[PDB]
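K.L.:
Listed below are the residues making up each chain.
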Amino acid sequence: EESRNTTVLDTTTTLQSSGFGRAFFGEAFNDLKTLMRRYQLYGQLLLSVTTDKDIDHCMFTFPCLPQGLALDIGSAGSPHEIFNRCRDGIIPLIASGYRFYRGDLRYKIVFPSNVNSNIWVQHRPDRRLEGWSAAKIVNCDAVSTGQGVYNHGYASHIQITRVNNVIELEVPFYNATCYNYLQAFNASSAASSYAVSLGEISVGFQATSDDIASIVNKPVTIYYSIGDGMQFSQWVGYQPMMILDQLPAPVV
Amino acid sequence: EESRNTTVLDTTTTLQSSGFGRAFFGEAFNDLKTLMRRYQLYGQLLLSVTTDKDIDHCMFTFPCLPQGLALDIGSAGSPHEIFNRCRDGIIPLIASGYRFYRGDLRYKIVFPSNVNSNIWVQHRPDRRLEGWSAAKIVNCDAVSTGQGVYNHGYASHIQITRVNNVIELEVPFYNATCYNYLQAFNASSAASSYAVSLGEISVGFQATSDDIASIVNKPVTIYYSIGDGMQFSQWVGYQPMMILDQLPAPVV
Amino acid sequence: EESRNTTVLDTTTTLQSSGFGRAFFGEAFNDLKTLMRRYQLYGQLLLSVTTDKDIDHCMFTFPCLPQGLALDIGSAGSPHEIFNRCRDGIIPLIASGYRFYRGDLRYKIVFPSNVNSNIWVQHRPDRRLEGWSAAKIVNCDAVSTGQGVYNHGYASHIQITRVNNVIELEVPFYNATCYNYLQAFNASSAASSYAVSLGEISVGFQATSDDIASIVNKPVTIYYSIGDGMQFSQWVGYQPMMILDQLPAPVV
Amino acid sequence: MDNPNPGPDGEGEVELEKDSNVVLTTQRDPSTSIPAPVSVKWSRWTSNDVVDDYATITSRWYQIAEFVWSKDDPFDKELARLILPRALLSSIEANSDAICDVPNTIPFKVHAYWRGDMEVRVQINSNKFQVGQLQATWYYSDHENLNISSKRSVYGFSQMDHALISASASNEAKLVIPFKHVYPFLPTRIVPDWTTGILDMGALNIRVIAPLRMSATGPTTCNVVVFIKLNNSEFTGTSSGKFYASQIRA
Amino acid sequence: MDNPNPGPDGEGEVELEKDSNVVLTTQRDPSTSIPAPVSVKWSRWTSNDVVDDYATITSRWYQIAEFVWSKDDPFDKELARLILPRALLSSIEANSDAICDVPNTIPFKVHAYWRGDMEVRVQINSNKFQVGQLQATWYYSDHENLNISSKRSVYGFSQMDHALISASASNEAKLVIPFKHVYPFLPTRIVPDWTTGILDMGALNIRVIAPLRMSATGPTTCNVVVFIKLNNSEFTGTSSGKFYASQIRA
Amino acid sequence: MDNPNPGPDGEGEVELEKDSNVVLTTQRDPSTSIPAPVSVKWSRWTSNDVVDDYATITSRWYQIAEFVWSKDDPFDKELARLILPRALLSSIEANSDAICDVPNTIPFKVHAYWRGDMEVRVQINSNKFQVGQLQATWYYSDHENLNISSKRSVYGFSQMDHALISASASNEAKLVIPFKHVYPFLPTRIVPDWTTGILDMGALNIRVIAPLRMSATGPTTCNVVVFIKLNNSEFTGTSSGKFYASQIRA
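Chains as they are written, first to last, in the deposited numbering: chain A, 2 to 253; chain A', 2 to 253; chain A'', 2 to 253; chain B, 1 to 44, 46 to 251; chain B', 1 to 44, 46 to 251; chain B'', 1 to 44, 46 to 251. A prime marks a further copy of an entry chain.
If we strip away everything but chain A, and leave its shape as in the complex, we get:
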């Protein structure tokens, strides 16, 4: 059995329990659900406009999942230095150790401040996630389907960039499942792909093609926490880890 304990050959005395730092620091760290609610950087992108965008056209999209995105180090010339150097963060390091999840997510998208244009945000729970490839932030090209535009019935919110350039969200668990998958996802079953991400958030600017030039190559950073309903269910052990301070230094 795993956690069996045959003969405890104890040489120790009693050690005074601090209450996971409650006695020293005034706060307990036993519950790992409340450490998961500290906001972690989810994604990081430069706004790259390809074709002439209408007011409806979504600037970028991303599938919304607590597992972390398919990790974008970046191009081999210009790497995103946090996901290159500070690999994976905390929430998929804890969600790496579980199998199922049932709950909500929070996002707090941070926009550039040079832009002024009004920003809409759609949650689209219809969208299936076709594999861990393209489980990432997609700078959208010219519109071919209803994926690429503002849509009607889905839950949206419009942040005014002139008042405050951060929209803060609560993306609900709108799946027809018991719980969703939490590791990396290869999409074996065709309906299994309805059960990975909570939905598919698309952020779009309402600017015309004359104000679209101030938008180009400005950073948009996304955060996430797990929003008080998140319950990771089945214990699955961790995979092989990589130690970060053994990564090579950029030799001059």
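All clues stand as given, with none of them false.
Short derived list, chain B'' residues pointing at chain A'', Cβ under 10 Å:
| # | residue |
| --- | --- |
| 1 | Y141 |
| 2 | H144 |
| 3 | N146 |
| 4 | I149 |
| 5 | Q160 |
| 6 | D162 |
| 7 | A164 |
| 8 | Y184 |
| 9 | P185 |
| 10 | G198 |
| 11 | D201 |
Keep in mind the hints are simulated off the structure, nothing from the lab. Virtual Cβ for every residue (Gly too), placed ideally from N, Cα, C.
Keeping the supplied structure of chain A fixed, place chains A', A'', B, B' and B'' upon it in accordance with the hints.
P.N.:
Here is chains A', A'', B, B' and B'' on its own, set in the frame of chain A:
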């Protein structure tokens, strides 16, 4: 040990007990003592007169025992077809599985109907049984001892053949033993031979030598059951059996 | 373990206990402390005067210990026949089986009867015993130290030989130890030698050099028992014994 | 305590585990490992059809794997990656006959969807002088994960709960697997919204933690046999047997 | 449960069986087999002479058979057909000395008739690694039967009650044989109405059900020793010792 | 009774013996042998200095002997004549470092006199198939006796109480040695009235009663390890560590 029972790996449910056929046939067959009291053919003989018989001369004799006689198939030309084909019957098939017996026997000798002559029957408990050889029906020759005649003090009965040609008997346990032997008998001890048969029944006709010609080569069949006092004592397992329907058919 | 007793396969019945001879002889022999209080011959010596002895000069000395002296068989021409033939006696045969002792001793020195002179006896608890060599009766030579004379403060007694030529003693446990050593003694530690004998008894005559000639080569025999306070403490098993009636006879 | 008296009957006590008409015995106490608490029934939420567990036939034991575990198998070595709701059917189809030939699996031929628990007994028949140790680990939805090809080692399945099968003790591994899939029913056949990966709840996989060790003349091989019970089942969606296709051979 | 702690004294519990002045010990529990309930005394019916059991001497154990049981002995193999009231005397006469030399059998030299029960312990000293099995079966009056030469096999004595002596467990076979002869006394010597077959109550016979099995370097032989007690005896008919003749050698 | 069910955890119960920060375990029950009842403290009679037992450091176990016991060792064979208050120090000096380097023996470096009891565990690691037997015997003040060179055999130490270490059972020998010296304190260093034979309470000596016996391919060697606790101690006469000299090598 024999009837030990270490680990009963039972896959069965409960089967409804019929009471050994009491529920279906209106009668129980558990007690094998009451099946032993159905009359079995004991012997079968043709009346063969050798010398000139007086009125006293016994026509035939047989030692009286529940083990069955030394089984007479017959001569190689003319076999007795029941003891040839239907080997041994029931009562020595059950008494084959025991060692000692203490009890009585019944006989029901059936006489031919062509004869009319009055028939006497002696029980002689004096007689020892000298081995399994000549533990059989003996057509008596000329008289040399008191074996060959009617005797006085022994218990007798006279069936009148004109009224009914069957005499029915109850041969009592007149031995000085605890119980008698029940398997086949080789007569090791000289007093052991006093302890096999209950006695030695002799049947004789009261006919003269002019009526003796109607007696010649008429069948006399003997039966037996075990008569309500018979108690087979020591369990001894069965010997090698022979299967009857593997006996060869008389090929034309 | 030593006195463990796994499976007593007893064929015996009950034997009537005599009480160690109490039932037959009117006395119990269970307690071996009271057999040790029968007086055993301790030493045996001929009075050999070497130099001109003053009144103070001790005639002989002996260290006083229950282990028995270093056993003097004698010279190869004239052996002391008891310690040659009757080896070791009882009290060091029982004290051979123990390690420590704490108690007193009794002596009953028997003097010759040809002498008349008054005899003094000193107990000297100061004296250390330097090894089992010279743990014996020492006929004293000319005086060099205070060992060789009568001394003041030590406990003494004067037997008048004219009244009775036997002085009877009780040599007390005057050691600074818990208990003293009881086997033969090799003197490893320098203070261990303070812990073998109870002291060192010296017997001396008060005769001048004209009466010293009647003293020469007269026997003095010493006895001992263990005097009611003797408690042998630690059980140590016996050593290799020698059987006495296998000793060779003096062939003519 | 400690009074060995063997007889003709043997020494120890034999424990049983009776089902419908299958009794299978073990001398040794099991090393049970239960990865989740027992699942609720959940036919109320997604089924109006007549639902019935066929517990007189489905809850029997059935052998689904047997394999020689030699000493030639190294340390980090798979022995059987059994996909257990599939392996009950693919073992039968590996016996070169249909699913309807076995009493345990006839409702898989008829019904469309299944939800139930699974008992697994991974029995071993090693000698007392052999030295080695297996682990039997249940992973929920192996094939819905793509980095499991790197997790699949004895260091990674020792972290989740698992059973240990020591070759010295000839130990037995009880393994109670309740139903935890994303969707509350597993289809037994090709269903409209998924066709690939049918009846795949996860993988029992049996790695080696210590290989077999012995003398030069010791017994080399070691046979391991895996039994499965399907106890708290329920089947729904009565359908034709001609829509059931054969499982993938694997 | 299951706490093995051997010491210098050994591990297990040793059980005894004390008689007059004979104690013989077995580590293992016996496989007792009792073919009949205990016999009543029956000196009231046929004896006016002074009858006394000599229980301080007759109820001792006495070795009456020892034999090597090798692996060369095949499956259906007699090992000892002991005729037990005779074999107690013929073992002594096989030791090349008289019946009056042994304390157990001096009343057979004096008295004329005997009725009593017999305890039999068929002890084995096999190794733990040897594999095989004897059966010890008591047949009442072997030599008063003529088809026993065909019954005398392991299939026929397994049907009546019997003891089993497994060579793995080094098992011991207790065997309580009460008196059931046709006549309520067995004569110890040539008596007026029978001379042949004296003091023959029946036969203990020890067949082989499984032969010894072992490795190439295993212990081949296996010694079996049979002891007999004569417990609930009684002797009657005090007679001279010069009418007692020696037993048949067999 | 007698239900063997081993698992991955093993079969039997493991007993402990915890001290300050040393736990040492034995599967087997000890063969304890206690040559004397427990000693009284006795600092009242001969010490005005500050007396304290350092039970948090002195009552730990410490290995003082390990030796291979081969089958080449004959019957009457010493294996270790340990002088136990010395052997605790001479083992450390045999490890080529000082007495002050070990926590158990720093008050011997400081204090002048010592009185205390000594626990001794003579553990063996023999195989179950090896056959042989040691005895561990404590003799009070070996070197204050000169005929001990003839007593030193297995017949002489079997008479006093002793422990037995059978190589079959892999037995352990507990040995509680209370303080019985002539003088109620043992000096740890050269003291004014004795210089020779320092800190010598007596000798644990470990003879052989049965040598190791085995097959041709059996395990030849057998390691024996001796541990010592110094439990009911007391140290008196606080002195400089520069008056402590090294022990004699022996």
